[PDB]
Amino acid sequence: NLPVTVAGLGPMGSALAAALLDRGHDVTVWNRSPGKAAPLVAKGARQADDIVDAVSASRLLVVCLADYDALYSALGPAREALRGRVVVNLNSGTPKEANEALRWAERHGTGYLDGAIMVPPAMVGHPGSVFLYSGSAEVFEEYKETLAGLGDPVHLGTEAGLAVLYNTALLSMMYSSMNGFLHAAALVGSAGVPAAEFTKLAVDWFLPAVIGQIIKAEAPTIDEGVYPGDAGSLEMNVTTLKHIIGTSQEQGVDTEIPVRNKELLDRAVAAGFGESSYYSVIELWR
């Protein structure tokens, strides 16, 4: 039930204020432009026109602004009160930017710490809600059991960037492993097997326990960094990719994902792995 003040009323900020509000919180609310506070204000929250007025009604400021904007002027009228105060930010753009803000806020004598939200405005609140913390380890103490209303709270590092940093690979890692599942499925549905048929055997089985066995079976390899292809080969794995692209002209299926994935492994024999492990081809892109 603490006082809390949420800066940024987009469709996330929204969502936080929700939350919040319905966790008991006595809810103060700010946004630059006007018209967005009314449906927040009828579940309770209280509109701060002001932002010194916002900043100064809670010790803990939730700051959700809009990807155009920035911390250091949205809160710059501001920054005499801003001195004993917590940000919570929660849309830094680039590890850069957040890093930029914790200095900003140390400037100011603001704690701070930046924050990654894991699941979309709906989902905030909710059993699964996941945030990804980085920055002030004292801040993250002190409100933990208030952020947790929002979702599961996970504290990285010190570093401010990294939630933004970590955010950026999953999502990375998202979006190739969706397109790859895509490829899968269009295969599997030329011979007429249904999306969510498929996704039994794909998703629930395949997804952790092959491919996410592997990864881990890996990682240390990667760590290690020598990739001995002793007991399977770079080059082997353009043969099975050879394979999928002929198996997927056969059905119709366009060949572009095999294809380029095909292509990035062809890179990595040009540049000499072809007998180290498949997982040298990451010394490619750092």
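Between two forms, the rigid core is the largest collection of C-alphas that superpose within 1.5 Å. Positions refer to the first chain, counted from 1. What changes on going to the form deposited in another entry:
No residue of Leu147, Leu71, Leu162, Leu90 other than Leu71 has its CA displaced by 2 Å or more between the two forms when the core is superposed. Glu275: CA moves 2 Å or more between the two forms after rigid-core fitting.
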Given for the second form:
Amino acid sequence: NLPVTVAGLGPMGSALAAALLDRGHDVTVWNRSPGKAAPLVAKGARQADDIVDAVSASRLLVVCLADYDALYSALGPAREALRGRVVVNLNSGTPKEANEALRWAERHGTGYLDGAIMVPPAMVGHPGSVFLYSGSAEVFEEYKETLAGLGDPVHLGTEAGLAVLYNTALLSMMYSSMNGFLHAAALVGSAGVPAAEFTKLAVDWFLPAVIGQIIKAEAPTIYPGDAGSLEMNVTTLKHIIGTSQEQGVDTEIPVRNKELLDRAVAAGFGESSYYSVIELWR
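Next up, the form deposited in another entry in place of the form deposited in one PDB entry?
The next block holds one chain only.
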């Protein structure tokens, strides 16, 4: 039961469709290029002829396409068939793109959720999958159970752009953290330290016990316990850069991190908090 249509059958859209099939939904699939539907049809999906049939088959339409232009092109022809259905858009962009899609959906009498997929395709549907959602709370509550088949659905608020905002923010932190980890791994690696054991120490202990706790301790709105003054952290970074040079590891990462603190010291004091670094960017 709970018929669902998936539009877009790239690697992510295919995973969405397959996860929905595995929970036993009546899944209708649609894609622009041919040949992406066959593997899903084999697994029990009905392929729709035209986008109107696809949209008409289900009250819930899960969209996973390249951008907003792609969404309009794909779903534009559906016209009055969208009226009274719900679009769950899993591929915005930026928050302005999310708001543009909300506008498009509302013009067509269509409910709208914007979602960010927080795991790779292969994790979709499996324990650990988490999807962030923004949009009408009524709509979210009505389709929550269906959405749960893809991953733990977290509703951030009713404004269209929030999911993309949170997703882009979290991912920005992820890239920096991963790059720092790779500097770390290069550093120990240059002494011949085996990576597996260091990785486990860094991820299973240091990341939650030290990095997480220090972040919360620096957050002025939230361990006894903080990162210490800017000036003491500058000195720490000078030792990291020194160590990196000794070991023959590129100093780019700690050099940039030190320059950032130097800027924050100059704007405030050597005694200002670590968190005040954020004032350089807003």
